[PDB]
Amino acid sequence: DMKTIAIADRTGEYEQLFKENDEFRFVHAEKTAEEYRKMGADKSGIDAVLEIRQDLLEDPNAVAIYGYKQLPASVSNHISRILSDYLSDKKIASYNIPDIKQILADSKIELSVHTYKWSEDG
Amino acid sequence: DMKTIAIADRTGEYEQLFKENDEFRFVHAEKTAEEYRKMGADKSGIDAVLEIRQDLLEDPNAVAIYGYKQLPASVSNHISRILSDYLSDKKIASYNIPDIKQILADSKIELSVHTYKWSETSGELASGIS
Ligand SMILES: [Mg+2]
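Chains B and A, in that order, are what the protein sequence lines are.
Heads up, the first sequence stops at 169 in PDB author numbering, and the numbers go up one at a time, no gaps.
Residue numbers for the second sequence, in PDB author numbering: 48 to 167, 174 to 183.
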């Protein structure tokens with residue numbers, strides 16, 4: 048069902064990328080990972096915390112997710128794809144072509160494909 | 048418990064993007080979305096159809112996902128980003144920049160976030182050394 052993930056993003060660069068869907072609620076971390084750990088899931092109201100210490104192009108090992116339980120792969124797959132898209136944009140945006148930022152912005156396409164449940168036939 | 052999504056792409060451009068995917072089970076649509084609807088989930092063996100009706104650069108709205116049940120937002124999330132990154136890159140590659148395909152490929156970051164359970174006894178004997 049819906050999972051709640053607290054985010055402790057020390058950089059403030061990445062926390063804005065996480066939107067509140069049906070499967071996922073992202074909230075700002077107010078306790079440390081150890082404080083969440085000790086309080087337990089009943090009391091914290093979270094399933095896991097996303098911890099990011101520093102610019103992930105500088106050190107990609109500086110991000111981790113901790114949860115009370117082993118989390119389904121979808122959790123980290125969704126967060127990883129959100130971070131990977133952003134970091135790929137940032138790296139191409141660093142490239143030494145004088146108008147790369149215009150080119151990237153002009154070329155940017157961001158679909159939100161509509162998903163529907165078919166009408167029932169039964 | 049991967050969902051199976053049949054791809055009905057009228058353009059022939061986009062199925063190649065889904066051959067290497069680690070979240071969903073993509074297959075080629077052999078029937079239309081409406082036929083899969085009518086035959087129902089037990090007959091068809093799929094959960095959803097990604098339907099692409101036009102080049103998404105000419106008409107980005109010309110795509111939709113249908114399922115028998117409500118699908119998690121993750122399915123559209125994932126599919127939308129894969130298509131978006133492709134179309135963005137296709138447009139970037141049309142500018143006059145030498146080796147742009149190589150550069151685009153080299154600039155992709157694939158971060159897989161390490162995920163841990165915090166460590167934390175009745176039927177399990179302790180060590181004999183303690
Ligand atoms: Mg075309």
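Treat the hints with caution; some may be incorrect.
Now the stretches of chain B that chain A is said to cover, found in silico as 3 or more residues with beta-carbon under 8 Å [stated by the list, open to error]: (1) 53-62; (2) 86-94; (3) 123-130; (4) 142-152.
Subject to a maximum C-alpha distance of 30 Å in a straight line, what follows is the list of computed BS3-like cross-link-like pairs (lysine-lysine) [to be verified]: (5) A:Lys85 to B:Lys66; (6) B:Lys50 to A:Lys50; (7) A:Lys148 to A:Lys164; (8) B:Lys148 to B:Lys164.
Please keep in mind that the hints were generated in silico from the structure rather than gathered at the bench.
Where a beta carbon is used, it is the ideal one built from N, C-alpha and C, also for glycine.
Cross-check of the supplied hints:
1. 53-62: Contact hint for the stretch 53-62 of chain B vs chain A: violated, 0 residues under 8 Å.
2. 86-94: violated (count 0)
3. 123-130: holds (count 7)
4. 142-152: holds (count 4)
5. A:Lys85 to B:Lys66: violated, 35 Å
6. B:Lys50 to A:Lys50: Since the Cα atoms of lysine 50 (chain B) and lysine 50 (chain A) sit roughly 20 Å apart, the hinted pair holds (cutoff 30 Å).
7. A:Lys148 to A:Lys164: violated, 40 Å
8. B:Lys148 to B:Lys164: violated, 39 Å
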